[PDB]
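Before any questions on binding or motion, here is one chain by itself as structure tokens, the form deposited in one PDB entry.
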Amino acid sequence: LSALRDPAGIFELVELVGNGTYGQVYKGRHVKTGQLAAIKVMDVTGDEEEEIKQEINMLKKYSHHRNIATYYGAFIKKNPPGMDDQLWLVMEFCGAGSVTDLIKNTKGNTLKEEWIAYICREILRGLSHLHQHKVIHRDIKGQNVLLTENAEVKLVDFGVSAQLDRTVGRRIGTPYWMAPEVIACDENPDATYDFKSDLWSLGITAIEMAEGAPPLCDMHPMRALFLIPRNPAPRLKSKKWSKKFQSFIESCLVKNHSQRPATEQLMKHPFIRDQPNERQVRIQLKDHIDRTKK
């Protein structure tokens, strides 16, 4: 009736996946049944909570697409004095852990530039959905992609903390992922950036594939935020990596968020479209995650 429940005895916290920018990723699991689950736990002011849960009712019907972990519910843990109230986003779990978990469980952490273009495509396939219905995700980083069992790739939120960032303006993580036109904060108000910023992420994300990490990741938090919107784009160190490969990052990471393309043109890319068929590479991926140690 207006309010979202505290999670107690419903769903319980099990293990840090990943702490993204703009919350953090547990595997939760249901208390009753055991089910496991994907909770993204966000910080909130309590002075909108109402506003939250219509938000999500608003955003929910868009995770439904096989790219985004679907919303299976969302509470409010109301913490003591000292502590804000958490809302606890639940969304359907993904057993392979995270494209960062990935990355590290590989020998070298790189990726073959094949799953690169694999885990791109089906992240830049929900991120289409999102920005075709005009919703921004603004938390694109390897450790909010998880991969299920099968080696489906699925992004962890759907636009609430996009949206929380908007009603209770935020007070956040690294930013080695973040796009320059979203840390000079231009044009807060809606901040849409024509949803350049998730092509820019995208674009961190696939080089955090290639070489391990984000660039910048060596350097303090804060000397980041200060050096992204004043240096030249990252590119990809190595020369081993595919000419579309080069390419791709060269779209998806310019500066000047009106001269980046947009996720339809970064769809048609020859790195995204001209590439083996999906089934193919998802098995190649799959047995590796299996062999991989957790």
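Take the two forms, superpose them, and find the largest set of C-alpha atoms that agree within 1.5 Å; that set is the rigid core. Numbering follows the first chain given and starts at 1. First, how it differs from the form deposited in another entry.
- Among the candidates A179, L146, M91, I140, the CA atom that moves 2 angstroms or more between the two forms after core superposition belongs to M91 alone.
- When two forms of a protein are overlaid on their rigid core, residues whose CA moves 2 Å or more are considered shifted, and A38 is one of them between the two forms.
- Put the two forms on the same core and the Cα of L164 is off by 2 Å or more between the two forms.
- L216 is not among the residues whose C-alpha shifts by 2 Å or more between the two forms once the rigid core is aligned; its shift stays under 2 Å.
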Contents of the next structure:
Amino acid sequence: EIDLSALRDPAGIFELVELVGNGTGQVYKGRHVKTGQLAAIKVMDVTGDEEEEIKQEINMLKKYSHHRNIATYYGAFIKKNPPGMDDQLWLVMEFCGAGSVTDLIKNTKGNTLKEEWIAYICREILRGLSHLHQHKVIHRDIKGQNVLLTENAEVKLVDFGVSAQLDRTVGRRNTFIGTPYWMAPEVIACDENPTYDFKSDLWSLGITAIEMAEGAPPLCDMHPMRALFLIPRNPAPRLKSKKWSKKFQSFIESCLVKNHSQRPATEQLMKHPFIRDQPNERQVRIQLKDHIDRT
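Structure of the form deposited in another entry, please, following the form deposited in one PDB entry?
Below: the lone chain, stripped of partners and molecules.
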């Protein structure tokens, strides 16, 4: 376990620079005092309600953020406040300068990405998830908003706030948590009594590949509740355009299989030609970096 009372005040160690946005708590552009090196700082208030969730996120971050496709944990701190205010805990991690995949799409003519970039980005997500799954971890919130880009267009995964730490390799879970539009049919276990696994993350990856392809996830136009209803009943989504590759159309086809038993595992999905057969990982990264930079 972790002891929160053992965490020091961030005083002259780190400092907040500007507010980036909000999360599951706020997210700040922060800096390491002595070095001037940037970090993202997740400022969240200490409550006995969120305590069970706060503990898991710090645990997940300390253990697996070492992999290159996961935004790395730098440490945690607790800013102690007067009797008026709540104590706020800071999660310090790798600052991903370019922002989210979701933002990149928004700030792009047509709100679509070049297939080469989708293949590059998807691979990095798959590498990152393979790390997690091999370590008996389900992310449970894979979406473009949680797939970040550094200044050098490197792909990093974020938000362990809804993650799962399975015990056995044959272990299952049945909590029902995530973002409606990106949730897997099985994870919609709000009406059944029994179970899902690492496969759930692979569905969300297919939804995010569609998000990068179409600008938004399938069923974007409906209320999250309508989507929750439709996702199980409607057939597995596909790219509306015929201009995308046969490899991409196949990748989506493999990713989005409503029956998780028949849906391919992380290791086999990594073998897929859309992921495996890809050009100079360095050339695409640079091409993407060049696109990130504009107005």
